[PDB]
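Once you've had a glance at the structure underneath, I'll fire off some questions.
Only one protein chain is missing from this complex, and each of the others stays in its spot.
Think of it as A and B in the order they're written, each chain with its own count starting at 1.
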Amino acid sequence: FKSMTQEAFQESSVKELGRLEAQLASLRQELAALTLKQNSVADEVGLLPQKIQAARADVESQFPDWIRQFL
Amino acid sequence: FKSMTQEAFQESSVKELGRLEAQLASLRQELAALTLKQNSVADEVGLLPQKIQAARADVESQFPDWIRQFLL
Partner (left out) sequence: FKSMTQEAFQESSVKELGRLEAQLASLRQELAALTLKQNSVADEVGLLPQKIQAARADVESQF
């Protein structure tokens, strides 16, 4: 193993720690961003049953008119 | 007189390694939590095609009763 002077190691280790710290900050923000996308998607999913019933009810209101259009 | 710089830098170094190691632990835990929530929503999304088909065919099944009433 090759040691550096105290001053060189002070400079190098502090810069490498700061690099890791910046990487960690970027990762934490990614995780936050992904949580936000996740909640938005869950909100959409939660609304789907309401959307199916609207169309379901919408169809059966156009029904007598569909027999009329037919003939 | 005893100089203190060298020892103090050793101390602050291991403390800062520890501070970042703790951030890593928190991030890893949050990634595990996201993973669990993603699997949960994925299972739920997996039942949605069936949900639409079940509504498509159920409408399909309420025509006889409907048309008899209309012509009545």
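Throughout what follows, contacts are C-beta pairs under 8 Å (C-beta built on N, C-alpha and C of every residue); 3 or more make two chains touch, one makes a residue touch a chain.
Asker: For chain B, which positions touch the chain that isn't shown here?
Answerer: For chain B, the residues touching the absent chain are 6, 10, 13-14, 17, 20-21, 24, 27-28, 31, 34-35, 38, 41-42, 45, 48, 52, 55-56, 59-60, 63.
Asker: What residues on chain A make contact with the chain left out of this view?
Answerer: 1, 3-4, 6, 9, 13, 16-17, 20, 23-24, 27, 30-31, 34, 37-38, 40-41, 44-45, 48, 51-52, 55, 58-59, 62, 66
Following the convention adopted for this analysis, only the chains that are shown with their structure count from here on.
Asker: In whole angstrom, what separates the CA-based centres of chain A and chain B?
Answerer: Distance between chain centres, rounded to whole Å: 9 Å.
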